[PDB]
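Asker: Chain by chain, the residues run as shown.
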Amino acid sequence: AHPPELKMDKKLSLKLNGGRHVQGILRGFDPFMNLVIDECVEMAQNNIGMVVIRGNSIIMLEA
Amino acid sequence: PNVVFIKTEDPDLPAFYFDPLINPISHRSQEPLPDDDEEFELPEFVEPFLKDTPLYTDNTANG
Amino acid sequence: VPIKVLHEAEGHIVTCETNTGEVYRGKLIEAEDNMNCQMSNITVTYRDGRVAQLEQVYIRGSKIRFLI
Amino acid sequence: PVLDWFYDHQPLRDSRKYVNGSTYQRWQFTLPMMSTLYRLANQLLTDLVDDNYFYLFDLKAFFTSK
Amino acid sequence: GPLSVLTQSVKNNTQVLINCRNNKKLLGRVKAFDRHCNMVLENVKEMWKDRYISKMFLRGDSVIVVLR
Amino acid sequence: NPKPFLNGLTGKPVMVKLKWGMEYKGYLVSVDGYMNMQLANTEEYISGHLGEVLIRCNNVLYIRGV
Amino acid sequence: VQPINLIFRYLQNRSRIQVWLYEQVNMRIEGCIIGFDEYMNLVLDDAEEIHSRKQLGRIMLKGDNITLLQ
Amino acid sequence: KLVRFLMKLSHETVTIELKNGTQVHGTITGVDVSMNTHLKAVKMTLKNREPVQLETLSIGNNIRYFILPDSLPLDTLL
Amino acid sequence: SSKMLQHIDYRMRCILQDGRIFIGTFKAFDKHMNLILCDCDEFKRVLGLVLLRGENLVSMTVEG
Amino acid sequence: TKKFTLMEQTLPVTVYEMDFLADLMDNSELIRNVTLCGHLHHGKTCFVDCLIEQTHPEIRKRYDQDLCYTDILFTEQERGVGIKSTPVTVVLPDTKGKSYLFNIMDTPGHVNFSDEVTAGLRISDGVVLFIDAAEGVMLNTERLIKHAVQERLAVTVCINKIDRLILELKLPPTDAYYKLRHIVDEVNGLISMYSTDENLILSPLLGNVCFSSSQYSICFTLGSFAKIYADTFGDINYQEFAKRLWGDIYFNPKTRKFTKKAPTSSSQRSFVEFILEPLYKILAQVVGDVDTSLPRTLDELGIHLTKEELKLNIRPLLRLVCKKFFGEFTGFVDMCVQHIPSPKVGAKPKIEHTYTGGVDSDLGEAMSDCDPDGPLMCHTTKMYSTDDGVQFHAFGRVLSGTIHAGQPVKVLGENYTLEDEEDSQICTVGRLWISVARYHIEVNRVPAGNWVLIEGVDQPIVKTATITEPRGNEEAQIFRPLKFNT
Ligand SMILES: Nc1nc2c(ncn2[C@@H]2O[C@H](COP(=O)(O)OP(=O)(O)OP(=O)(O)O)[C@@H](O)[C@H]2O)c(=O)[nH]1
Ligand SMILES: [Mg+2]
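Residue numbers (UniProt numbering), protein chains in the order written: chain A, 4 to 10, 13 to 49, 54 to 72; chain B, 335 to 362, 367 to 401; chain C, 5 to 72; chain D, 202 to 267; chain E, 27 to 74, 92 to 111; chain F, 6 to 51, 56 to 75; chain G, 15 to 65, 70 to 88; chain H, 2 to 60, 62 to 80; chain I, 6 to 48, 64 to 84; chain J, 99 to 584.
Don't read these hints as lab results, they were simulated from the structure. Wrong hints could be hidden among the right ones.
Per label pair, the in silico range of CB-to-CB distance [what the hints assert, rightly or not]: (1) D/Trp228 to B/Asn336: 26 to 34 Å; (2) F/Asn6 to H/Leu47: 25 to 33 Å; (3) B/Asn336 to J/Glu176: 17 to 25 Å; (4) H/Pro75 to D/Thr247: 53 to 61 Å.
By construction, the Cβ of each residue, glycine as well, lies at the ideal position given by its N, Cα and C atoms.
Required output: the full structure, derived from the provided sequences and hints.
Answerer: See below:
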């Protein structure tokens, strides 16, 4: 249990389990490596502003 | 088996003390030793069981 | 000494196998405890052979199975 | 430890931590008073430590001898 | 704890049906459980067809549910 | 922490839907500290009424508390 | 902004955030959040889970059973 | 408990069915604290395929089921 | 986590989470069964010195 | 009646069930055939009494007297010395809790009774030598070391009566370590000058020297005592701590590491500081502070005791304290499993040293296979009497096959050969008796690698004999007779 090894705070795409990928500005990490993403438009563009993406199911995060 | 029991005179002598009435050992090929301080340094809070306890009392030799 | 073998490959581009089945060739700049290493110019095949390039990829170790 | 009650007809019959009570049946004691009494009773006590001193001077040998 | 002890007593006195996470519904005597739900079942017929296993050991990640 | 929520749900009626579609509605009797639940007089499907049952630590996707 | 702080802000506001399961978009749970535990356990408040949106009230979801809540 | 019973009966012949469907049936060489354990002469039958006789196979907790032999009484581990 | 000393010299074949089974000489390993296996050939390609994690290695056997 | 029995007609609990022992005796891989030997009155009988107190739950030693479980003749009780050697078959757990069958041949420590020790050598596969810590190595221990070199068996050493250095000699810990290290050095030198093979050199680090006091139920190795420290604090590794205890390995508390050199003046070793000094302080808290700081020491060891146990006399209370501190006996189980082989493992040099036909003959590899199937050929060397003394019963290991009660058996003498068929004599076995010291177990199927009394073959046997199938017989030679040391 730790934060992500990217500090993040940039327009990056995060891909979860099963290949579901969004893209947006990261805000910060969590103890379960969970990231809050600003304008997380789904790159597969559904964004609700404050997207709490869990690092348990999040698999990758690339800028 | 013959009782060879050391009898103490003074309590100035320790309860674990080499009596000169005992004949000396005069002990006289290496040992299978591991690496010295290259592996297995002891962790925190490991200790002998009675390290806080003193070695002997004056009533110890009495008992 | 597997951690030393992983640290000796730093600064170079190597291929890794994913948990889904992908092959990713890339070079890492730093590594994490749960194999969430930050990698740059990583081309991932997405288990189909189509290598797509990405930068600053902090891909977690649940995604990547082993080396390929 | 034996300083008070050594010359009583009932030494420690009062003490519940030592005896069961007034019946004076079973005693439960402490190490320094046995050390003091063992030092005090040195005249009547022997100095032998084992039965190997009694090699053939034992009761089985005396039964064999008779 | 106490619920696991009661489930083990019910499994010793009757036929308990434990449906594990490997789709194994086993009716029989669960001999013991554990804090990590390392369950040992003695003479239980498990359906993955209720084939009888004389002693089956399963992990808590591979177990799902139990019933008396 | 979910320890007081599990203490409230112990001996209380709720439904639990698992990852495999196992929806079981009934009176949960006891839930452990790792959310290892035990239920009584419950009806499950994924089946029928099972009565006394139990579950693993995190085998349920969502626990709808009635 | 940390994601635990964002989840706590969404639970305090009880906003109707679209929430899916752990890499499973079969149920889209939109509705109020009652609160969040220390182990990220989520409590819903009449959140309609569209498959068939059926809001039920107090629903407990695990800490790692939800992937995307926006 | 169960790990202690496996360590006690870790010399007899048992079957370990993995989560991938690989069923290694054979003599146990040694059972560790974790599920990574070494077996001897195990006929590992693959998932819907044939068996392979491996004299040394070490298992992760992929090994899910363990069909144990009758060398375990009720009070042998109780 | 304790099988590294038995296969510290002999070759072993292990299957990763991708389904690829690689046989190679295990030269080193980590505490979480992350075994760095030099000269690993996967069934056909070559992975080199491959650190196959304990969660990734679902199945393994001694090949050499 | 003739009161020369010391027979238990009932069967005790022995914790485990009978069928677990019955399944364990089918193996001949977890079975260890070990002879306990040593000098006269070295606590070997009290050591087997400590194993009986471990296994049998209702059997306990009395406070006033030391019981003798293996000594079952009345003459041994009258003389106060072991006379006739005794076998005990038991299930024993190690530190890991794995069950192992133990075929133990407790022998008297007398050189005029060394013939029984040679018979126990010919039956068993391993040797455990008892050394008194106050006395050391004497003449009969020396002669048994020479006979073990000749018999070619794996020998491990337990040092008994370690309390005589402490309560009776009051030694410093450094001088006690020096005496024990000199004992280990002289045993290694004796092994060097008798045995031509120097791969076996006995060290506490190598898993060869165990430490014991059989009047207080003390038995530990470095691995067992490091397992005790691991159960105290599991942050350590007990294998590396057993590697780092003995042999001038000095603890560095600033770095919390281990050097081969003392970091400061009067710095003691890890063995001394972690074993000898805390045990000395434990015994000092017993014999000097039985009421003041004894429950403080009990809570420091994590042991809870009642008030009446603290009101006990000093010697059974100290035995109970050492029993609760060290648990059961597991270092000896690891000693005889990890360093003494099975009949299946070490079958080859014993059948090489015993069979005149050798292991090269096909019956020789059938012997060395330790086969529960195949030929039923055995060697019965010790052949006991019974409680009445009228009839006799043989005793032996099973080198291959399964004996059944009522199954016919041909017995062959020492003078038997391929043209002498006159020593052959056919009888069925009446009952098969697994030999514990004070009682025997009626069993039916006895496979290879197992020690069993044989009923009904007592007519043609003189001293030792070989055991074969009467029908379906093959070229069966005769095992070598018991060459005595004296
Ligand atoms: N001081 C001391 N005496 C012990 C210890 N263990 C056993 N003894 C005594 O040694 C005596 C003789 O040893 P036995 O128990 O008869 O075992 P043994 O060595 O087989 O005796 P023999 O058959 O004559 O060789 C016992 O009666 C015990 O009282 C010990 O740890 N310390
Ligand atoms: Mg004796």
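Asker: Hints first: check each against the structure and report whether it holds.
Answerer: Okay, the hints, checked on the actual structure:
no. : hint                             : in the structure
1   : D/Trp228 to B/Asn336: 26 to 34 Å : 32 Å, holds
2   : F/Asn6 to H/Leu47: 25 to 33 Å    : 44 Å, violated
3   : B/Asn336 to J/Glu176: 17 to 25 Å : 21 Å, holds
4   : H/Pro75 to D/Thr247: 53 to 61 Å  : 55 Å, holds
Violation of the numbered hints given earlier is confined to hint 2; every other hint is satisfied by the structure.
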